[PDB]
Amino acid sequence: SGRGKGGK
Amino acid sequence: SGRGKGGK
Amino acid sequence: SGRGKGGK
Amino acid sequence: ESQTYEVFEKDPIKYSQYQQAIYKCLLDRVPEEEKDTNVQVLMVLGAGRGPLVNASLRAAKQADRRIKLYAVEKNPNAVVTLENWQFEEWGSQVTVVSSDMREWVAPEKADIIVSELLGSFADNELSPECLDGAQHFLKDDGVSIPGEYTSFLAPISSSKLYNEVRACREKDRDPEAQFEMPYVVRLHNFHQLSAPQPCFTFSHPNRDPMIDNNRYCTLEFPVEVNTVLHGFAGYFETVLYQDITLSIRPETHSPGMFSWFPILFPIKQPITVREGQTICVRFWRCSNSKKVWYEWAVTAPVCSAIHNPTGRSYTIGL
Amino acid sequence: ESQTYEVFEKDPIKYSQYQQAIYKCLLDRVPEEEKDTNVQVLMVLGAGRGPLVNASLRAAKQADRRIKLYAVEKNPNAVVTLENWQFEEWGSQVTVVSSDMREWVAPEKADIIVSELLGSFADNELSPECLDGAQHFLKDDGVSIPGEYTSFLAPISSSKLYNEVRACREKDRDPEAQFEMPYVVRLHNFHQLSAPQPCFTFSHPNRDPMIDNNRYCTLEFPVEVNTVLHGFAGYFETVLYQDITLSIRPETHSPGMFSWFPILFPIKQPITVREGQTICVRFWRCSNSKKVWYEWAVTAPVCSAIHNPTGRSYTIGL
Amino acid sequence: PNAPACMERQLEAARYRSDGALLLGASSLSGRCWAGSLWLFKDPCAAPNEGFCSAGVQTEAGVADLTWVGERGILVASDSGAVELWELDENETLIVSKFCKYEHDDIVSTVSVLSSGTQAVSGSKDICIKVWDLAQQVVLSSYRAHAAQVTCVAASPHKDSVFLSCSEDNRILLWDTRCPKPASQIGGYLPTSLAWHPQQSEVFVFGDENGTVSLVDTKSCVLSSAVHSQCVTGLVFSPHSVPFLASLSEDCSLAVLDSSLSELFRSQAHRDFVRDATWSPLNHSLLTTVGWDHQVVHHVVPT
Amino acid sequence: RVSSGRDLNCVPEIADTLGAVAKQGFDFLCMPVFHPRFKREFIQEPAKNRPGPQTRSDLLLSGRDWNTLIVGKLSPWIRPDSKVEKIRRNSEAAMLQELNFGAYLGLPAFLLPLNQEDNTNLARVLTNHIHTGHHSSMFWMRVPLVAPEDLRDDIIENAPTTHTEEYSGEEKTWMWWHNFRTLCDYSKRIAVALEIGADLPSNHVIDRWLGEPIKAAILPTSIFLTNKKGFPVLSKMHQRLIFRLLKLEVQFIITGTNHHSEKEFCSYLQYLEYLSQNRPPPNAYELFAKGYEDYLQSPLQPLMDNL
Ligand SMILES: Nc1ncnc2c1ncn2[C@@H]1O/C(=C/[C@@H](N)CC[C@H](N)C(=O)O)[C@@H](O)[C@H]1O
Ligand SMILES: Nc1ncnc2c1ncn2[C@@H]1O/C(=C/[C@@H](N)CC[C@H](N)C(=O)O)[C@@H](O)[C@H]1O
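Residue numbers (the authors' numbering), protein chains in the order written: chain C, 1 to 8; chain C', 1 to 8; chain C'', 1 to 8; chain A, 320 to 637; chain A', 320 to 637; chain B, 21 to 207, 212 to 244, 247 to 329; chain A'', 13 to 319. A prime marks a further copy of an entry chain.
The hints are simulated quantities; they were obtained by calculation from the structure and are not laboratory data.
Check the hints yourself; a few may be wrong.
If you want a taste of the chain A side facing chain C', the calculated C-beta under 7 Å gives, among others [to be verified]:
1) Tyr324
2) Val326
3) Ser439
4) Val503
5) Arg505
6) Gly575
7) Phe580
From the three backbone atoms N, C-alpha and C, an ideal C-beta is built for every residue, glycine too.
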């Protein structure tokens, strides 16, 4: 969300 | 188990 | 020399 | 850790086998007429949280023989459990020793030394080195339980496992180190390519001066199928005492015993094997005064690199 | 290697100092009247290619005293040179022993043990551990040459050296390991920021039961300049016997002695230091039964990470 | 004797009362249960044998310190954070709880009865010092003067408003409760034990964490000696007109010192930490020590 | 909603204590693993050869209970930064012993104090244990907002308390934490157990802890006020700090004895629940962003990539 992708 | 540790 | 080895 | 010892203790078969082996040994060493005068000195070498100490006491009760027990353990955390058991239940009959069996200055010699220092490949937890150091406190006619153990190897095919090992590449180490180390694994999606063959054997007590626990074995495996070789499955068998044994070799697997899963020695590069060809593998057991390791290579139908030279990817600390 | 021993041997000052120390010791131990009856047992512990054996014989000739020599060396390659010297020149007066001094079952006790097991930071070649193991074969009134050694540290500034350490990043290891290890370096383009202060001391023979060669030192360095801290220069001093010493500490440097260049302990991140501030450094000498290592940290004017925890980047093998 | 079947291994305290009966305090610092017990031995030579006590009682938690309150009362510094008062029955065959007040927020390490015998002082790991009224079973005052654990509190032998305290904050404080700011700081290594001189009103001794014993006079320089190789656990003056000074340590020894702090007697009878020492009121040359090795040792001191 | 634990330094019977604590409504117990008064010797005879068990058995609780309900506490006598060499050496050996027992038990967390400026050797011993085996456990550094030396009663005649503002001086305990974590090289297993006092310091001291890995907030019973009904409550300023800590989802720890004697113990925990229930409900944005707090994401690239 909030213009982001990926992460964990 | 089976004489092992760790992994994931 | 001077108690050292290796380098370059 | 506490839970590791707790997992060990969940295996009912293993300890009932140790109890049967101690029971038979006590009967062979003390005749009925010496029942009330002969006190056998029993040392549990690597006592953990006390199941082999309890197995020894049950064995002495069922044999109707007198025992004097020492429970030797180097792990101080497990020593807490042992010392709480000693005060609450065991009493004076058990002497808990917080020491490495290789350093302990025993105050008396033993009639029987009991240990369970076995890995999935038998000698991979360093049972030979440990029992070699403890040997000097066993009497001249003394018995070691286990008396013997043998590792076994079998070639396997598993593109599933090959890919599983492949994904174990970590930062800050050799990018191929994951292929130069064994894994304990409950092998499932795989093909055993030839019957397991014996690799390395150790006997206790060891009466071949200067021992030499280093070993070199060549094994030739007939293969009746077209396949791809990805590694070697490792198993073991052990003679606790006479006919009382434990085994994880599939063909002679002790029923209901789950303490050990097989071991897997991978190879870096998969090897194509045609029907009727022979897989020739070479295995070495190596050491210095600090570490023990295995090195391995395939030499037929094609050569592989020697895996784990000088223990560069995997070592077993002494 | 042969050429390494050949470089050691090129230092005329070092051996002439050892000879003077042995010469004085022999005179203090044997009165003139006991000249022809009293044979002193001298053991050269870590004999290399034989210069301290020759230094001992020259010392005994100039003292006009009788000596019985043992030349102990664990390196079998150097043992070849020693055994060829023993047959061709020395004779029966010298007994060459191919052994680790920590394992050797000496057949006689020594009056004097002579060794040169010193690194640029004194104890970094493990002279304390080696002489501790050899201690049991030195007589109750026995002398060890060297009798004592002390390491010294001094804060330094060198963006040139910081960049030199930075460029030592290698594949398959921690990308910052190069900052967690000492280097032997002839420091040239640098600024010494405060006077060298003593770090660790060892005395031989060691009469503090269970020894404990592990150490922890806090040093506070006054800094009179605006600068940038990049690491610590390490040096040492040693008392061979009484007033006969060797030093690489700049202020007391033994003239013309080039056997040791200073050591450098870098820090990962450069530290800004203002005039009038204090540099506080913490150094630890750590070990297990297998390895010895150093750990270090700056705590003032700002904290650094602890460098080399558990010997993760650098260890000295036992 | 209607008491617990077995006393705990770790003997913490030993105190003779006027008639020569011996009061013991013990805790189990290991094993399953971490509690304590209180014991009276009218025959001190039978101690620590349970079947030969006059009275014994189990406490809920460990005994970190204790003291007599007159001839029949017993004040206990507990692990629970409570200061407890126990009392010997008229038959002296039972030890009955009178009060258990949980006022400290951590272990109560030290306790000391003031001159009157109607009030006491407690010190704790909670950093507080409390003044108690023993009859009303209440805290009269609570003081947070220290900046670390309170190691020892010692009531003046003859001045009911004066006591000493020491702590891990490296302070020795002289208290006089008649003052608006009641504490005053007395001028290296942490102080660990305190003992007022029984004859000299403004004189006291203190032991430190490095084995040193020091003689101090409130007025003013201090006389000292390196008596022990480790922490000075306790300091107890003898009952003689010219008292001797017993010192005990984690180094497992007992030393008996003179006026100039010079050694006269040394004992290595204990195999573990020496915890308390008490001089017999009947035979002045007999000093009793207790330790974590579960030994009650009766020493014959050369007087 | 609120995850809370009990802090005790006296546990006479482990099973009985856990039960009493669970009944009170607590989710965990911070407790000593070795008796806090049981000082041990590792170097000098005869005390180094002390027999019997060094502590309570691991068999007293199930593996699940050790893994989820017990937070270990370092013994108070363990002083790795002591000026006395002997204490320093015995403390290093005891600290390693206690941390290794905690890891043996599989404890989810272990509490260590930061109660003075110099904790260099405590950091060194901790860093060394971290680089030895099983890397799962959390270390909670118990550090106060206000150092005991700075909140002592002004009752020492010849040592008055400082009535002058010392801007950086009042922020001292943050520098204790900062230096400690710098030494341990920002290990993610090292977090803060922030201890709250009866009187809060200036806002700048409180804000100094913003962005810090706070895993727990320690509330002594002695900081609680009493209401007309006789039940424990907190000052408006303390409540303001509780609300900030609730947004960080810290675990609250209740330490000390019951000071509201004629009002039961779970009342302290009932008050925290009250504050937790009586907080502003999250808005549309806050309800949407729940789960993404401090979650790093790659910025979308709708030009180079097809969404
Ligand atoms: N050299 C040694 N000296 C003493 N104990 C050792 C040594 N090497 C391993 N051990 C211990 O012996 C052990 C054995 C285990 N493999 C089995 C444990 C236990 N007997 C059980 O069957 O449940 C572990 O507890 C180790 O800590
Ligand atoms: N434990 C040991 N036992 C025997 N020799 C050792 C041991 N440790 C080191 N050495 C040897 O002693 C040595 C010493 C050198 N640092 C000096 C060599 C020589 N004495 C010279 O001054 O030219 C090397 O030759 C090592 O092989």
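Now the hints, each set against the structure:
1. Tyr324: violated, 13 Å
2. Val326: holds, 6 Å
3. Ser439: holds, 5 Å
4. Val503: This hint holds: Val503(A) lies near chain C', its Cβ roughly 3 Å from the closest one there, short of 7 Å.
5. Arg505: holds, 6 Å
6. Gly575: violated, 13 Å
7. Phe580: With a closest approach of 3 Å, the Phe580(A) hint holds.
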